[PDB]
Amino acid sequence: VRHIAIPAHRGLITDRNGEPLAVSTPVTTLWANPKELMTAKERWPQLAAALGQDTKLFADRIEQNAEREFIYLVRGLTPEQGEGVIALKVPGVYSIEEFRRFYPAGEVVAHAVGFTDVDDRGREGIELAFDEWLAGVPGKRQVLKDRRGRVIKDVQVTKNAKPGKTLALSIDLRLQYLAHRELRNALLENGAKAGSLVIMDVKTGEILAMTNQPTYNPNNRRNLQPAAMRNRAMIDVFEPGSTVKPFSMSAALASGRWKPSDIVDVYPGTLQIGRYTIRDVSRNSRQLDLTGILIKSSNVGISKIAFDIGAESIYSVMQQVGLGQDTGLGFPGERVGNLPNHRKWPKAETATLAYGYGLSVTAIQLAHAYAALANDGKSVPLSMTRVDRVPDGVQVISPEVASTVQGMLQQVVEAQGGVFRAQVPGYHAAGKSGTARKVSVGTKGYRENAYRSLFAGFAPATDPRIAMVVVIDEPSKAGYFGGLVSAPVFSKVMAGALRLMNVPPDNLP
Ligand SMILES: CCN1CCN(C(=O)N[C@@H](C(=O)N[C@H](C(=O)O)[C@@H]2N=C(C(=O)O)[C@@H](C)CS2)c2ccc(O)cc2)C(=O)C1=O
C-alpha cells in the first residue's frame, strides 16, 4: 500500500487592517486506478467530456497506462465541477482536495504580494519571502488495495496536514488603492514608461503603500512581460538627483561651517571643473541663501558648499540615512544600490555626490532616508509586516539640524518660486522635487532625451506622520520636471493618505 500527500492550507495574507490580499481557495484534483477504469471502458467518453478532454486521446492514455497503479486525470478543478465527475460513479476514479491561490486586490498589490506557482509554492514577492511561514506542513493518507488490486474507500488512514500561518502586511489597502490610481493616471497623462510610489510611516518604519507601473493580474498570468512583474520600488535603482540635497545640507549644518542665513555666489549658474561642467537650470540670480539653493535647486550652490565641508561629511549622512545600504527586509531580488567611497575624494566626484549623482538608490531607500529626516533625524528600521510596537531607531541626524532642514524643505513647497503643486490642502507639506537624465545604455555618459521625474517629501510639517516618494520614468508629452510631473501626484496621494489615517489638518483653510 502507498501514500498520497495531501496539501496543507496556505496561510492567509492580509493588509494591516485584515483586508484579504491572498487567500487559498479549495480546488479538486482527480486521479484514477487504470486497473479499474479498464473494466468500465463504456463510461470513458462521458468521463472525458466531464473533464473537458478529447475522448480518443483520453482513451489512448488510459490504454497505455492500463498496467499502472496510479495516474492523475486532472489537477485544480473547482469544487462544484469537480464533484460533478464524482457523481458519475465511474469506478476507478477518486478525488483529492487541493488549494489554489486567489488575490482579491489583483494588480493593485501584485508586486508586493507576489504569487505561488502551480504547486502552491511561493515564487515571487511576499509569497516567496515568507514561504516557510505561509506554507505549513502537508499531510498524507494511505491508499488501501485488496486481493484483486481494487482500492477501497470505506476505511481511511490519514495524517492531518498542518495549516500555514496568517501574515498581516504593513500595507494599508485603502491607501494602496489610492496610490495605485494616481500613479497610473500620472503615467498615462504624461506618456511615461514606468513608475514607482512609496508611502511609509516615519514613526514606525512601516510601508503603508508600495505600487509600481506597469503591473499585472496575478490571477491571470498567461503571456506576461518580465518588465510588468518587477517591483521597481525595491528591484530597480536610480540616481536620485537633487532629492538628496537636504542630506548634503544636513552635513553642512552639522559641520559648524554653515548657517541657514549664509549666502553663496552661484554666478553665472555654471562651474567648470576641468574637462566637465556643472550647470544650474534656473540661472536667475547671482547669489542664493541656503534655503534658496534648495528652492532653485542650484547644483552650483550645493557644489561650492561640498568643497568647503568635504565629501566625507556628505557620504556619512547619506550612509546613516540608508542610501545604498541594506534595508533588512529580505524582499526577493531587492537591490542595495551603491554609495561609493574613494579614500581621497576629487572635486568632480565630490560635487556630483552633493547633488545626487554617482550614487544609486531605490525608491524605498529614498523614502526611508526622508522618514529619518521627517522623524527629527531619528532613523527607524523598515518593515513590511504590521508592527505591534514602535521600535528602537537610531539618531542619525541631530534633532536641531533635522528641524532646520524640515523647515527648509517646507519652504521649497510653500515659498515663492517653489514646488507649489506639491502643496496639500489643509496641511503644511515639506519635500523636494528632482529631475534627472537617465544613464546611457552601456556607455560613460547620460541620455538627453530621457528623464526621471522625482519628488520626495513628508507631511504634516508640524508633526510628520508619513513620508512619500514618487518616481516617473520618461515623461514624454507634458513637461518633464519633477515639480511638474511628480509633485501633483504627491499632493493628490498625500491628501488622501492623511485623511484616511485621521491626521488633524495643520494648515487651515
Ligand atoms: C554628473 C553628470 N550629470 C548627470 C545628469 N545631470 C542632470 O540630469 N541634471 C538635472 C538637474 O540638475 N535637475 C534639477 C534637480 O535635480 O532638481 C532641477 N529639477 C527641477 C524640478 O522641478 O524638479 C527644476 C526646478 C529644474 S532642474 C537636469 C539637467 C537638465 C535638464 O533638462 C533636466 C534635468 C547632471 O546635472 C549632471 O551633471
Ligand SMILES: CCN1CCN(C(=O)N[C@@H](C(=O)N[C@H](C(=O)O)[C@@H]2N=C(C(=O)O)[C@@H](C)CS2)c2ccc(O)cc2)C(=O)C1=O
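Positions refer to the first chain, counted from 1. Between two forms, the rigid core is defined as the largest C-alpha subset superposing within 1.5 Å. First, how it differs from the form solved without this ligand.
Core-superposed comparison between these two forms: CA of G483 displaced by 2 Å or more.
Remark: with the core as the superposition reference, the CA shift of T462 between these two forms stays below 2 Å.
Taking the rigid core as fixed, one finds a CA shift for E36 of 2 Å or more between these two forms.
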Contents of the next structure:
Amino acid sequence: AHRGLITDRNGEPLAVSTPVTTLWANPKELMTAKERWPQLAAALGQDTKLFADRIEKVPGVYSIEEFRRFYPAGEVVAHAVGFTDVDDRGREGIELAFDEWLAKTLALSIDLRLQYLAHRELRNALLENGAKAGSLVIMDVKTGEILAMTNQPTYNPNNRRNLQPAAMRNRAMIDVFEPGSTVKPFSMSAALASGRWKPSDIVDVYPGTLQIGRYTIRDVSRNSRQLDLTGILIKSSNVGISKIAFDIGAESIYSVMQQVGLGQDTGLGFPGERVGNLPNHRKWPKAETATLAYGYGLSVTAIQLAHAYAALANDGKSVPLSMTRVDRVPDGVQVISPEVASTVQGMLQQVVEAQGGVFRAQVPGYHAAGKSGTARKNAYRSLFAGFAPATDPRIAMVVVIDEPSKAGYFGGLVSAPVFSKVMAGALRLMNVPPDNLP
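Switch from the form solved in complex with this ligand to the form solved without this ligand and print that structure.
No partner chains or extra molecules come along with it, only the chain itself.
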C-alpha cells in the first residue's frame, strides 16, 4: 500500500514512498527448475549452497511491488518527521503519530526554509561553544504552528548505521529541564495580576543573597540594591523574584504557570513527548515558593516553554499547539489578562534593549523581547526564550544549548546570539515588516 506524502507547510516533500520488490517464490514451482537456482543466486548476490538450503526469467520467481520511504531533507527534519521500518510502518515522529492517516497527503506546520536556518545556526553554536547537545523551537504566536523544531545531534534517516543513541533523541520534546530565569515573566504576570505590584515598584535585593533556614537563595549578578520589576528581569535577580513570591503567595504563581502550560500536556499526539512537572503543595514551604518563582522548582520541555512565551506574545491568549499546517485557526484561551501580558511584553523588550540588558539577543531591524536563563544540570544548559517584533509579535523562539564547555564567564548567555540570528532570519523569510526604525 502506497503511503501518503508528508510535506512541509509550502508543499516541500519530507517523506516520500519509493517502490521496492519482494521477489517471492513458492517452494514447489522453483523446485522444477533446480538448474536455474545457481543463476538466480548469482544475479541476486547470494551463496549457491545457502540459497539451495534456503529453498530446500526463472520459473516460479515472481515480483510483488512493495513500498519504502525516503526523506528528501534527511538530517535537517529527522526528529519531527521520524521514519518507517522495513515493513513501511511508522516507528518514530509524525510517521508514527499519523500512521493510520498515512497508511492521503499530510502538510506539516514546519517551514523548511526556517528549519534549514534553525538547524544551521544551532549546529554552528554547538561547535563554537563546544556544547554536547542543543534544541531550537520556532512557533507562530498567532496560529500555534511549530515552524521549526531542530535538535543537535541529529541523524540521517536515509542512512541508519553507526547511529549514536544521543542523535536519536527528540530533545525539544523529550528533554525535561528546570527553566530557571526564563519563567520569571510568569512569576511577574502573577505579581501584576495580584493587585499588589506595579513595574515601577522597588525590591531591595542587596547583597544578592537571601537566607531561608539552611538554604541560601543566590543571584548570579550581585551588583544591586534596589531594583524595579524590569531590573529584577534584566539582572535575573532570584532574590528579587523570591521576595515578590513571598508577598503574593506560591498559589498565584502556580496558577499562571499551569494556565500557560508549564509541566502540562501540550495536546500534541506526538510520540515520546514529555510533560515534565509543575509541583503543587497544600501548604507551600518558603524555599519552594522561592524556587518555583525563579524556575528551579519545576521542570518543562523546550516546546512547553515556547508555547508559554507564545501565549505571552499573543496578548495572553493561548492558541493550541500544532505540528500540522493550520488552515482554520482554533479560538484560543485567554490565560493571562491582556493588560498584564502587554505590560510583561514591554518589560521583556526592556530586558533585551535597556542598558545592561541582553544586548546579544537584539535583532537587527526589529524590536525583540526575551529572557535568558541557565539550567544547572559543573554542567548546565544555556537558555533563551523570546518573541518578536515586540510591537505586533509574530514568532516565539526557545534556544537550548546543553553543556557549552568552551564558555567561560557569561556562559549562561551563549543562547542569546543564536536567538538574534535565527529571529532576524525567520522574520525576513516571513516578510515581517520592521517595527524598530529610528
